[PDB]
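As structure tokens, one chain now follows by itself in the form deposited in one PDB entry.
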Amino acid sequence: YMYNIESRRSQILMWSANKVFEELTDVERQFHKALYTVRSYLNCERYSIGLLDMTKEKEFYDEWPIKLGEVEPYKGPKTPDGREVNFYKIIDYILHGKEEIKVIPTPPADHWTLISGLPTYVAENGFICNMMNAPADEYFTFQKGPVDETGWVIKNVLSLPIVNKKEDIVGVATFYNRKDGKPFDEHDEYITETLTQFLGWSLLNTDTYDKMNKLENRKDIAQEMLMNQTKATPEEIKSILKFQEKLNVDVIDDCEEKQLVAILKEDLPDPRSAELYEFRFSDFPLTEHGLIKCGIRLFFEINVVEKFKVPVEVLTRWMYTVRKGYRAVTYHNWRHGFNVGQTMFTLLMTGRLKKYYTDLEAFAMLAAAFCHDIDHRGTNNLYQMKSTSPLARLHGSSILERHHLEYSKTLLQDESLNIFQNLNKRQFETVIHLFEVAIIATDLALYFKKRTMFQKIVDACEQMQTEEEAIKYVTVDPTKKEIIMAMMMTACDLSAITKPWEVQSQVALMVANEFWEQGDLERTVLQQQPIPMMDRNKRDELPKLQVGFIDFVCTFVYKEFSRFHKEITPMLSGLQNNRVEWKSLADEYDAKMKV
């Protein structure tokens, strides 16, 4: 018996555990699964469970008539926490005859469980009540005869509260006839009280289920609200895609796609005129809207929009929403994103690196290059680590680059923005793989780690007697292509070092200002002394530190690319020029320290 009741108890625990750990569901669904799965271990001819209404406070418009005195105050049963005893749902598990599961939403007081006050008294008090010979009790008007014309008569009742950890009651479980006809004993009280304590702890899983559904709905709303704020409005599209002003349609893009292609190809600037091919390209004369138009031109110039039938309006709006996704930070704004995308296009075309890449590798490479620092907050990964920003808890390593990948994929998920509509599933999988390969490549660390592998590839290819052998040797293995891609993304990310001195000068002042603002945040909020790179007081130390940046980081990748392709020779040459300039400034600072 003792062994039997303990094995029964533990299997109650195990099946209720299994059914709450099958999936997160609401109170009704979890107790339905747990109770129905424990139907064989609850030795009851019937039992039921009424869940109380959980609205502890009421809305002000329902409290108005009481405070106004138009309606008399509710006098009568109240839960110990002070709520009204209102059962919003009952689930009856009839098992003595035909097994049936009657769900009664909003049971009236006519319900055969509620005609007696005992659930109401348990909600009023939270007492565990065992009652025998129901017709003999005078205080509770339990039925003396058949209750549902089936000859089933209530003989014993065991009513228990289910209690949330706050001591607020959530429901009343009423266990009826004991089968054996004996009254409830302390052993069966022990079994039922164990069940009800487990159910009260299992209320945590419903709590969480509601919490996460609220968090999910709030996240989806916040993402859709962000998508509304971020997506280009149709006016922002019309500012580029001037279909109205020339096709005279003015209402809908009902014109054929060839008309949009013509109207865009005439509106986008020529890449020869705006230096979009050269390494020496500078974005300072252009406005950011002109950078959007140049980026759409760059997608045209690789001859991929026409080949895969990329819709012109979709491309234009994905390039405008990409521009809007960058923050207004001092250096990691949209301008740096476009400079990386233009450097990528220059590597593909002028660097002659396209020989190793198909057109669905250049298309994805350029689309990933434009998005590699989208929504940059203005702080390195160290600030994320130290401040413990939600990014640093969401993304463990390469925090911002993973954020930029996740956001670029979220932009591509919307059909209204997806430039990859008319691709096959396997082509879309390829493009997504190369999106990850190109966006997570941009962290400098990974670059430092994989310099050796890229060097081994370039050294092996330098010995090759003919171009065709080197191209075949690269294109046979996917991994060698991925390494070349990652180092192309890193070389584009650092490309400002290779720009002429005027550009390098200004852009380095912008980088230094962003790092000084980051270090002012570190000093003010974290109460830490910043690194001298991030200390404003070491402004005069900036030029010599910049020299240390040139000969440690960039010069390797640009020497390896200049060995790999002769057409990338001038890019390193600009880096060398910039090294000389900063070195002269460091010597002037040395003269300041010399006196």
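C-alpha atoms forming the largest set that superposes within 1.5 Å between two forms make up the rigid core. Positions refer to the first chain, counted from 1. First, how it differs from the form deposited in another entry.
Within the set 369, 203, 437, 292, 203 is the hinge position, where C-alpha fit passes from one rigid part to the other between the two forms.
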Second form
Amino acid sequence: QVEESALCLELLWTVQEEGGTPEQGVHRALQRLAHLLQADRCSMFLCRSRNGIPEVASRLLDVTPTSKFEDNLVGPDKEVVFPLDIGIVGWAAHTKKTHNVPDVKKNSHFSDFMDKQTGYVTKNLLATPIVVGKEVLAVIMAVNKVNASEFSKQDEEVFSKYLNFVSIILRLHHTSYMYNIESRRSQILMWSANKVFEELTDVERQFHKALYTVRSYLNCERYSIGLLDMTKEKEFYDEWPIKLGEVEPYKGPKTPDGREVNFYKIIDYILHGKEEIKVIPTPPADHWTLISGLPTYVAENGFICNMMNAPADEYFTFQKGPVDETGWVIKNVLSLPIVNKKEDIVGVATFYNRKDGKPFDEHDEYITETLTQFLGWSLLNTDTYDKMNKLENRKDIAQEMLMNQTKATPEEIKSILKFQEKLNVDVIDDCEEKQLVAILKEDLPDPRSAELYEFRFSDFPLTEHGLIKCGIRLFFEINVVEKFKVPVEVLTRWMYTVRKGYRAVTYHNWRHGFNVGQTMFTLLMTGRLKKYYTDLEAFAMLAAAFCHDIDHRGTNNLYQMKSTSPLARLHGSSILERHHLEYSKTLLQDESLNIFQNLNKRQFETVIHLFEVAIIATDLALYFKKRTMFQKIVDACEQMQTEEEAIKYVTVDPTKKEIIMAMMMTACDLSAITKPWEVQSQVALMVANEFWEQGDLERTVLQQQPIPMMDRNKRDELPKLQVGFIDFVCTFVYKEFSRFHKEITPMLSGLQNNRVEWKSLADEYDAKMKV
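If the one shown is the form deposited in one PDB entry, what is the structure of the form deposited in another entry?
This part shows the chain on its own.
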């Protein structure tokens, strides 16, 4: 027992490897049990699994007491591989049971292939697979008991007691290796995800990033990826020779979706010597990856193929010698297909010889399949990148063609800027800006005869081309062209393009935009509110007033939300006001149309902010929210004893000026109520028609009951609702402005007269329904 205890303590100490290789401790235990059993040539068969087929491979051979470990160790270059259906070690690995077979030549499972290879005669052998967690790690072999036959049951008992130590060592190594492979998998996934989410890219760049980043965690000496042509159908003119039969139809390798197997690009990652990347566009069939049929075989079939000793196979013509003259030979190959969401093979990844030189087992199959699966999932980013580029290009084309169509032709300019009829040039606008100013200033109607400064001015006698002329006259009267250097041709063009950008709708046509711009002019000049605003700010407000309803479709923000319009999904709030702002800025983007080109960068930044505040301030919900703040501003400005004190109080604070500008733009929008009864009655008819056709759209397309304002059935209720619009929204804007400056007093007077008429018709309706 004393020497048995000493041998047990020696086994306990050699179990404490403290580093090194467990094969050494197992070899020391095997030579121990060899000298104990009166048997020689003990052996270990490691279990591998390739393609899901289990095999056994001899790892230590010719174990002898007092023999050197280096001679007992057989490397994978000389290992003998047996499938589980060959040899009693295969049957043992299948059954996971202890077998003791004497006279093996009588056993139906004994294989003499090893006996023929080695020339050694075996007669009686003991087999017991090492099994842990139902998994079989090694088959241990005791053979040719000397001086005795049949072994013994006590030999099996001591055999089991030492195979407990063997199982300890093998389980420790198995847990270490499974930790290693699972850490490699997790790091591969983390790095591939980091590189995929870095940006949007086409397939080639994204796969190259991912594979190059993960190159260190795949223990392959080299590997490559081949990308197949993704085109599925041909152009009709390239089918024409095929359909005429002038060219024989292509025959050869085809993917399962039926595309031709054309590797349009190969990426080689060489890691054996110098780490080098090769990108081969349109590689020839003589490429060292493609010269063996295996990548093409994966492209036709799509199996994951682990093939050990690949030049010993007969099907695949693997190169038996160096391929880059560098002395690297193919030994083991693992190829996998990358697939689309639709199972379509985009590429084939082929991983060559493992750095350890061992044949690929199910662990490296698992690693490479998870990498390939992640790559096949990553194609969503490529498909999205292509759809981004197509949507961007289509948008830019549609916007350019729109802007070209809407822009005023040179005839439309020459219709107003009659330079040809007065300077006799007719070919080039070589004339100086002073000449264009001088020739144009005759052609505009004088602002006094047109009454353009007056609050009463009615646009019915004027034509729309006369409205354009009057608009350029209004810009001239503010004296903007000389100060900000706004060219006269681009001024006239911009006015005409703004007109044409107003649709032919019943009320939101160019006449409404012109009357709002004229109200902005007359409030600035005759209402004397320009005392708070710089001429730059006056120029920006007048341009915004002319564009405050540009390309108004003829519908309300409620309609856009209810109709789920692209405008409503693009602009979350103030849908049409943000559309008008975006389109006015789009008109100002063209150099041809930029009446603000001759500004400083900070002045445009100012003009753009005034455009934004003014057009979004044409939203009446914003008006209603900010009424109370404007009222507080007016109340604080009323107690000021000096006019110049009031001017100081407003001018020092940008936010008060912005609120007053918003209130001015709302006085301008609803100005028609202040116009004489004739004009008010016509304009109220126009808005009533616009609201009726909105309600017909709501009832017909959206299939909903319209509000009584939108309903044609309440037509005769129009004047009473008009009265309701006169008190809730316009009196305040106009009473507070009359308090702010008495010069806007008559606009409230106009409202007051118009309200009486609107009350009269309601009393006429009171007469009608009561009888």
